[PDB]
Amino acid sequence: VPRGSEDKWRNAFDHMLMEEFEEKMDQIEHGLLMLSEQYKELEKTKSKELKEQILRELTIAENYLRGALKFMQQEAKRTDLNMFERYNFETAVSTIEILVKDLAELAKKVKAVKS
(Lines of atoms letter the chains of each structure in order from A and count residues from 1; the text may use other names and numbers.)
(Lines give C-alpha, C1' and ligand atoms only; values in the text may rest on other atoms or scores of the structure.)
Protein backbone atom coordinates (compact mmCIF):
# COMPACT_ATOMS: atom_id res chain seq x y z
CA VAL A 1 0.00 0.00 0.00
CA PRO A 2 1.50 3.37 -0.96
CA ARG A 3 2.43 5.61 1.91
CA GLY A 4 0.41 8.24 0.10
CA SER A 5 -3.05 6.74 0.28
CA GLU A 6 -5.41 8.53 2.73
CA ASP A 7 -8.43 6.26 2.34
CA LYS A 8 -7.23 2.84 3.51
CA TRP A 9 -5.18 0.84 6.10
CA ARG A 10 -1.57 1.18 4.94
CA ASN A 11 -0.33 -1.48 7.42
CA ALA A 12 -1.44 -5.09 7.48
CA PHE A 13 -1.19 -5.42 11.34
CA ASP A 14 -3.32 -2.26 11.75
CA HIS A 15 -6.06 -3.73 9.57
CA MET A 16 -5.83 -7.19 11.25
CA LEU A 17 -6.00 -5.57 14.67
CA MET A 18 -8.98 -3.43 13.96
CA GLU A 19 -10.73 -6.35 12.76
CA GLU A 20 -9.84 -8.26 15.97
CA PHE A 21 -11.00 -5.28 17.99
CA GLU A 22 -14.35 -4.99 16.27
CA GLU A 23 -15.23 -8.59 16.73
CA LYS A 24 -14.22 -8.33 20.31
CA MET A 25 -16.39 -5.27 20.69
CA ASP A 26 -19.55 -6.76 19.39
CA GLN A 27 -19.01 -9.83 21.64
CA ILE A 28 -18.58 -7.63 24.67
CA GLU A 29 -21.71 -5.68 23.83
CA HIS A 30 -23.62 -8.83 23.55
CA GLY A 31 -22.20 -10.09 26.86
CA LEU A 32 -23.24 -6.80 28.46
CA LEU A 33 -26.75 -7.18 27.10
CA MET A 34 -26.81 -10.71 28.55
CA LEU A 35 -25.56 -9.46 31.91
CA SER A 36 -28.41 -6.81 31.86
CA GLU A 37 -30.89 -9.56 31.45
CA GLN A 38 -29.30 -11.40 34.32
CA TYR A 39 -29.46 -8.25 36.42
CA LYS A 40 -33.27 -8.30 35.86
CA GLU A 41 -33.44 -11.82 37.21
CA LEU A 42 -31.21 -10.75 40.15
CA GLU A 43 -33.68 -7.92 40.90
CA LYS A 44 -36.33 -10.57 41.63
CA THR A 45 -34.40 -13.49 43.11
CA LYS A 46 -31.78 -11.57 45.11
CA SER A 47 -29.42 -14.49 44.67
CA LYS A 48 -26.01 -13.70 46.21
CA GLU A 49 -24.37 -16.07 43.77
CA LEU A 50 -25.85 -14.47 40.63
CA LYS A 51 -24.91 -11.08 42.07
CA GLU A 52 -21.33 -12.14 42.68
CA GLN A 53 -21.04 -13.81 39.35
CA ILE A 54 -22.31 -10.72 37.50
CA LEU A 55 -19.81 -8.56 39.38
CA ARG A 56 -16.98 -10.89 38.44
CA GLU A 57 -17.90 -10.83 34.73
CA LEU A 58 -18.22 -7.04 34.80
CA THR A 59 -14.77 -6.74 36.42
CA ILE A 60 -13.16 -8.97 33.78
CA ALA A 61 -14.85 -7.06 30.95
CA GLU A 62 -13.77 -3.78 32.53
CA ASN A 63 -10.13 -4.92 32.83
CA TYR A 64 -10.09 -6.05 29.25
CA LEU A 65 -11.71 -2.79 28.07
CA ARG A 66 -9.18 -0.72 30.10
CA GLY A 67 -6.48 -2.63 28.33
CA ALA A 68 -7.96 -2.07 24.90
CA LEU A 69 -8.51 1.62 25.72
CA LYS A 70 -4.85 2.16 26.62
CA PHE A 71 -3.75 0.37 23.50
CA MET A 72 -6.16 2.33 21.19
CA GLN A 73 -5.39 5.75 22.76
CA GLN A 74 -1.74 5.12 22.14
CA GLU A 75 -2.39 4.14 18.51
CA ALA A 76 -4.51 7.27 17.98
CA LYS A 77 -1.47 9.34 19.05
CA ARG A 78 0.70 8.03 16.33
CA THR A 79 2.42 10.75 14.26
CA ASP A 80 2.26 8.69 11.03
CA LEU A 81 -1.48 8.18 10.46
CA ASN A 82 -3.49 9.14 7.44
CA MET A 83 -6.99 10.47 7.97
CA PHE A 84 -8.70 7.16 7.52
CA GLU A 85 -6.47 5.50 10.15
CA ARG A 86 -6.74 8.26 12.67
CA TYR A 87 -10.45 8.39 12.32
CA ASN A 88 -10.68 4.65 12.97
CA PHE A 89 -8.46 4.65 16.05
CA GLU A 90 -10.30 7.68 17.46
CA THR A 91 -13.65 6.05 16.89
CA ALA A 92 -12.45 2.81 18.54
CA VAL A 93 -11.48 4.91 21.59
CA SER A 94 -14.96 6.44 21.78
CA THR A 95 -16.59 3.11 21.31
CA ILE A 96 -14.55 1.64 24.18
CA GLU A 97 -15.40 4.65 26.40
CA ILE A 98 -19.11 4.13 25.89
CA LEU A 99 -18.84 0.42 26.69
CA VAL A 100 -16.89 1.19 29.85
CA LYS A 101 -19.56 3.67 30.86
CA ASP A 102 -22.31 1.12 30.27
CA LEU A 103 -20.49 -1.50 32.29
CA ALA A 104 -20.02 0.88 35.19
CA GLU A 105 -23.70 1.83 35.08
CA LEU A 106 -24.72 -1.79 35.20
CA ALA A 107 -22.25 -2.46 38.07
CA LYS A 108 -23.77 0.29 40.21
CA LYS A 109 -27.20 -1.24 39.73
CA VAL A 110 -26.01 -4.73 40.58
CA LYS A 111 -24.14 -3.65 43.73
CA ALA A 112 -27.28 -1.86 44.80
CA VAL A 113 -29.28 -5.09 44.90
CA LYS A 114 -29.79 -6.02 48.46
CA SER A 115 -28.83 -9.69 48.76
Given for the second form:
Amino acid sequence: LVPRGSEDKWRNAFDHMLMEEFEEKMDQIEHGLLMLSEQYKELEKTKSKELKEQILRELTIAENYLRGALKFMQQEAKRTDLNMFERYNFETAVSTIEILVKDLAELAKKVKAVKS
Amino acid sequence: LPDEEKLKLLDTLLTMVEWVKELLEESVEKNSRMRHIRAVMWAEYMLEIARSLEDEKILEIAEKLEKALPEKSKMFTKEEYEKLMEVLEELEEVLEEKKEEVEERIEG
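Right, the form solved without its partner chain is done, so what does the form deposited with its partner chain bound look like?
Now the full complex is given, and it begins with the chain already shown.
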Protein backbone atom coordinates (compact mmCIF):
# COMPACT_ATOMS: atom_id res chain seq x y z
CA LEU A 1 0.00 0.00 0.00
CA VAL A 2 1.75 3.14 1.27
CA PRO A 3 5.47 3.05 0.30
CA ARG A 4 6.95 1.42 3.40
CA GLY A 5 10.09 0.33 1.52
CA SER A 6 13.11 -1.19 3.19
CA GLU A 7 15.58 0.40 5.63
CA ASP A 8 17.98 2.12 3.15
CA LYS A 9 15.79 4.78 1.54
CA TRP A 10 17.66 8.00 0.73
CA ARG A 11 16.96 7.57 -3.04
CA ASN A 12 18.81 10.67 -4.32
CA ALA A 13 22.46 11.74 -4.17
CA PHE A 14 21.68 15.41 -4.88
CA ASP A 15 19.09 15.70 -2.11
CA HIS A 16 21.27 13.68 0.27
CA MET A 17 24.27 15.97 -0.31
CA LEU A 18 22.06 19.05 0.09
CA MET A 19 20.61 17.75 3.37
CA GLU A 20 24.06 16.84 4.70
CA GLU A 21 25.43 20.32 3.97
CA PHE A 22 22.32 21.76 5.63
CA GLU A 23 22.87 19.63 8.74
CA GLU A 24 26.49 20.78 9.01
CA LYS A 25 25.38 24.41 8.65
CA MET A 26 22.81 23.84 11.41
CA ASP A 27 25.51 22.44 13.70
CA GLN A 28 27.70 25.48 13.02
CA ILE A 29 24.82 27.87 13.74
CA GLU A 30 23.87 26.14 17.01
CA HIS A 31 27.52 26.30 18.12
CA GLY A 32 27.54 30.00 17.28
CA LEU A 33 24.40 30.33 19.38
CA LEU A 34 26.21 28.83 22.37
CA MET A 35 29.20 31.13 21.87
CA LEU A 36 26.90 34.15 21.59
CA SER A 37 25.14 33.11 24.81
CA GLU A 38 28.48 33.18 26.62
CA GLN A 39 29.20 36.56 25.04
CA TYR A 40 25.75 37.77 26.13
CA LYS A 41 26.70 36.93 29.71
CA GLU A 42 29.86 38.96 29.09
CA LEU A 43 27.71 41.82 27.76
CA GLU A 44 25.38 41.78 30.77
CA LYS A 45 28.57 42.17 32.80
CA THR A 46 30.36 44.84 30.74
CA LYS A 47 27.68 46.70 28.70
CA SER A 48 30.26 47.14 25.91
CA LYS A 49 28.58 48.63 22.83
CA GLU A 50 30.95 47.17 20.23
CA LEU A 51 30.36 43.65 21.53
CA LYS A 52 26.61 44.35 21.46
CA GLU A 53 26.66 45.35 17.79
CA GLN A 54 28.94 42.44 16.85
CA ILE A 55 26.72 39.85 18.56
CA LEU A 56 23.72 41.41 16.82
CA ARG A 57 25.47 41.15 13.44
CA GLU A 58 26.25 37.44 13.85
CA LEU A 59 22.71 36.79 15.12
CA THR A 60 21.29 38.52 12.03
CA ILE A 61 23.48 36.51 9.64
CA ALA A 62 22.39 33.25 11.28
CA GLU A 63 18.73 34.31 11.29
CA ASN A 64 18.79 35.16 7.58
CA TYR A 65 20.32 31.82 6.64
CA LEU A 66 17.76 30.06 8.83
CA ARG A 67 14.80 31.90 7.30
CA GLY A 68 15.96 30.92 3.82
CA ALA A 69 16.50 27.31 4.89
CA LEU A 70 13.06 27.24 6.54
CA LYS A 71 11.28 28.43 3.40
CA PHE A 72 13.21 25.95 1.24
CA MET A 73 12.53 23.06 3.63
CA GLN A 74 8.81 23.80 3.80
CA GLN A 75 8.63 23.89 -0.01
CA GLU A 76 10.55 20.60 -0.19
CA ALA A 77 8.14 19.09 2.34
CA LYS A 78 5.34 20.26 0.02
CA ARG A 79 6.65 17.94 -2.71
CA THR A 80 4.54 15.04 -3.93
CA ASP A 81 7.52 13.03 -5.24
CA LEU A 82 8.27 12.20 -1.61
CA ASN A 83 8.65 8.89 0.20
CA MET A 84 8.29 8.22 3.92
CA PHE A 85 11.97 8.72 4.76
CA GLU A 86 12.12 11.97 2.76
CA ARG A 87 8.83 13.24 4.21
CA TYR A 88 9.97 12.69 7.80
CA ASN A 89 13.40 14.13 6.98
CA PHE A 90 11.90 17.35 5.62
CA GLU A 91 9.43 17.64 8.51
CA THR A 92 12.22 17.17 11.05
CA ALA A 93 14.39 19.72 9.24
CA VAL A 94 11.54 22.26 9.30
CA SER A 95 10.90 21.66 13.00
CA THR A 96 14.56 21.94 14.00
CA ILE A 97 14.83 25.17 11.99
CA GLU A 98 11.82 26.48 13.93
CA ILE A 99 13.54 25.64 17.22
CA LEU A 100 16.87 27.22 16.28
CA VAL A 101 15.15 30.34 14.90
CA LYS A 102 13.16 30.79 18.12
CA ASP A 103 16.32 30.39 20.21
CA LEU A 104 18.14 32.94 18.04
CA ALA A 105 15.23 35.39 18.32
CA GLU A 106 15.10 35.05 22.11
CA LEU A 107 18.85 35.62 22.37
CA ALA A 108 18.48 38.66 20.09
CA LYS A 109 15.81 40.05 22.42
CA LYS A 110 17.88 39.40 25.54
CA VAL A 111 20.93 41.04 23.97
CA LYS A 112 18.91 44.04 22.75
CA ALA A 113 17.59 44.57 26.28
CA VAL A 114 20.96 45.90 27.50
CA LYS A 115 21.58 49.65 27.40
CA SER A 116 24.87 49.41 25.45
CA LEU B 1 -7.33 -2.35 11.43
CA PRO B 2 -7.51 -5.55 9.39
CA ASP B 3 -4.54 -7.85 9.93
CA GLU B 4 -3.13 -6.87 6.52
CA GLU B 5 -2.99 -3.16 7.33
CA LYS B 6 -1.67 -4.09 10.77
CA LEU B 7 1.15 -5.95 9.00
CA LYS B 8 1.87 -2.93 6.79
CA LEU B 9 2.02 -0.67 9.85
CA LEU B 10 4.29 -3.18 11.61
CA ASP B 11 6.70 -3.18 8.66
CA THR B 12 6.77 0.63 8.67
CA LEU B 13 7.34 0.67 12.45
CA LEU B 14 10.16 -1.87 12.29
CA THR B 15 11.92 0.15 9.59
CA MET B 16 11.59 3.39 11.55
CA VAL B 17 12.98 1.70 14.68
CA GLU B 18 16.25 1.00 12.86
CA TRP B 19 16.19 4.50 11.37
CA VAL B 20 15.89 6.03 14.85
CA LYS B 21 18.66 3.80 16.22
CA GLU B 22 20.92 4.91 13.37
CA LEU B 23 20.09 8.57 14.00
CA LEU B 24 20.79 8.16 17.72
CA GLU B 25 24.18 6.64 16.89
CA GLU B 26 24.97 9.50 14.49
CA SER B 27 23.88 12.13 17.02
CA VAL B 28 26.05 10.58 19.73
CA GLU B 29 29.05 10.42 17.39
CA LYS B 30 28.78 13.99 16.09
CA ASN B 31 28.00 15.35 19.60
CA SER B 32 25.52 17.89 18.20
CA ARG B 33 22.35 18.98 20.00
CA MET B 34 20.49 19.49 16.71
CA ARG B 35 21.11 15.86 15.72
CA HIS B 36 19.73 14.79 19.12
CA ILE B 37 16.63 16.90 18.46
CA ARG B 38 16.19 15.34 15.01
CA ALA B 39 16.46 11.81 16.40
CA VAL B 40 13.98 12.55 19.20
CA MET B 41 11.52 13.97 16.66
CA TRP B 42 11.82 10.84 14.51
CA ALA B 43 11.13 8.85 17.69
CA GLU B 44 8.03 10.95 18.40
CA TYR B 45 6.73 10.28 14.88
CA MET B 46 7.35 6.55 15.36
CA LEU B 47 5.48 6.67 18.68
CA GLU B 48 2.54 8.45 17.06
CA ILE B 49 2.35 5.69 14.46
CA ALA B 50 2.85 2.90 17.01
CA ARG B 51 -0.03 4.07 19.21
CA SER B 52 -2.55 3.49 16.39
CA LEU B 53 -2.08 -0.29 16.62
CA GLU B 54 -3.92 -0.29 19.98
CA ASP B 55 -1.79 -3.23 21.14
CA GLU B 56 -1.31 -3.27 24.90
CA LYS B 57 2.34 -4.34 24.98
CA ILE B 58 3.13 -1.94 22.13
CA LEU B 59 1.53 0.92 24.07
CA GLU B 60 3.46 -0.12 27.19
CA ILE B 61 6.80 -0.06 25.39
CA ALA B 62 5.83 3.22 23.69
CA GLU B 63 5.27 4.69 27.15
CA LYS B 64 8.68 3.39 28.23
CA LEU B 65 10.20 5.02 25.13
CA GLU B 66 8.49 8.35 25.85
CA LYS B 67 9.99 8.08 29.33
CA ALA B 68 13.43 7.42 27.82
CA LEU B 69 13.25 10.49 25.54
CA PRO B 70 14.81 13.74 26.78
CA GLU B 71 12.77 16.89 27.33
CA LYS B 72 12.33 19.13 24.28
CA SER B 73 15.68 20.57 23.14
CA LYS B 74 17.72 18.86 25.88
CA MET B 75 20.29 16.30 24.81
CA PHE B 76 20.24 12.78 26.25
CA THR B 77 22.87 11.76 28.79
CA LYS B 78 24.95 8.63 28.27
CA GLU B 79 22.88 6.36 30.52
CA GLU B 80 19.77 7.88 28.94
CA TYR B 81 21.05 7.03 25.45
CA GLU B 82 21.80 3.46 26.58
CA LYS B 83 18.31 3.19 28.10
CA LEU B 84 16.91 4.53 24.82
CA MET B 85 18.69 1.85 22.80
CA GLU B 86 17.47 -0.77 25.30
CA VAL B 87 13.83 0.31 25.01
CA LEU B 88 14.25 0.44 21.22
CA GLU B 89 15.49 -3.15 21.11
CA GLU B 90 12.56 -4.14 23.35
CA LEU B 91 10.13 -2.38 20.99
CA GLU B 92 11.78 -4.17 18.07
CA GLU B 93 11.25 -7.49 19.85
CA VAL B 94 7.55 -6.90 20.48
CA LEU B 95 7.02 -5.46 16.99
CA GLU B 96 8.63 -8.52 15.41
CA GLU B 97 6.49 -10.77 17.62
CA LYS B 98 3.33 -8.91 16.62
CA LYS B 99 4.32 -9.05 12.94
CA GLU B 100 4.80 -12.82 13.26
CA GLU B 101 1.49 -13.19 15.12
CA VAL B 102 -0.40 -11.15 12.51
CA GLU B 103 1.18 -13.13 9.66
CA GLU B 104 0.06 -16.29 11.45
CA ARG B 105 -3.45 -14.83 11.83
CA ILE B 106 -3.78 -14.06 8.10
CA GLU B 107 -2.97 -17.71 7.35
CA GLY B 108 -5.89 -20.13 7.64
